[PDB]
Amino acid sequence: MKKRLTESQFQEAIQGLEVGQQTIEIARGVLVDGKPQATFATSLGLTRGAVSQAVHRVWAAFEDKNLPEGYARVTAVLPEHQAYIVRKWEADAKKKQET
């Protein structure tokens, strides 16, 4: 990452999305305001996983609408060395997209 969205991108993300208002507020706070997830867990009395779950739903909604040709979205838990390779792949991807 970082994983960020403008308000305009955020609206596109939730456009026609089945999602509750609390999920939206957390998602907004994390993705467009840039706040850490742990703060929303503490303030709202939610587990860190519930918060992560809310952020992911909106982020995924956006990406699924903005996948370049030949690309796909993945979320997965991986041993650290594999996570390292993914980051490299992600960075390489981004440079090509930019170009």
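Only residues modelled in both forms are compared. Positions refer to the first chain, counted from 1. Rigid core: the largest C-alpha set superposing within 1.5 Å between the two forms. Compared with the form deposited in another entry:
- Splitting the chain into two rigid parts between these two forms leaves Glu12 and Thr39 on the same side.
- Once the larger rigid part is held fixed by C-alpha superposition between these two forms, the smaller part shows a rotation of 79 degrees.
- When the two forms are fitted on their rigid core, the residues between these two forms that move as a run of three or more, each C-alpha shifted by 2 Å or more, fall solely in 67-96.
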Given for the second form:
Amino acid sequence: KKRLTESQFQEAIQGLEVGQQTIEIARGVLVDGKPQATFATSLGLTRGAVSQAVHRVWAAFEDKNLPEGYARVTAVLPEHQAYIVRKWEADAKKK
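Shown: the form deposited in one PDB entry; wanted: the form deposited in another entry:
One chain, no partners, no other molecules: that is all that follows.
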């Protein structure tokens, strides 16, 4: 279901520390739409591996694909600092 255009894929793999196999896997799956089973079959890899491989590149895209000048952060914080962050995301969701 989840897929990436050619250019979104190129963005996601920009400087991403990842082997060439992982790149090929995600390319066939996210861009060319091939099932993950094919790379499991053809590479002799378990279903887990291929899925983790595609996941990295997808997560990479999600770590980008944010308005430039922004970044996603997550943490457990005190009630006060938790409150401030709540507001900041609201103000961020105005621009």
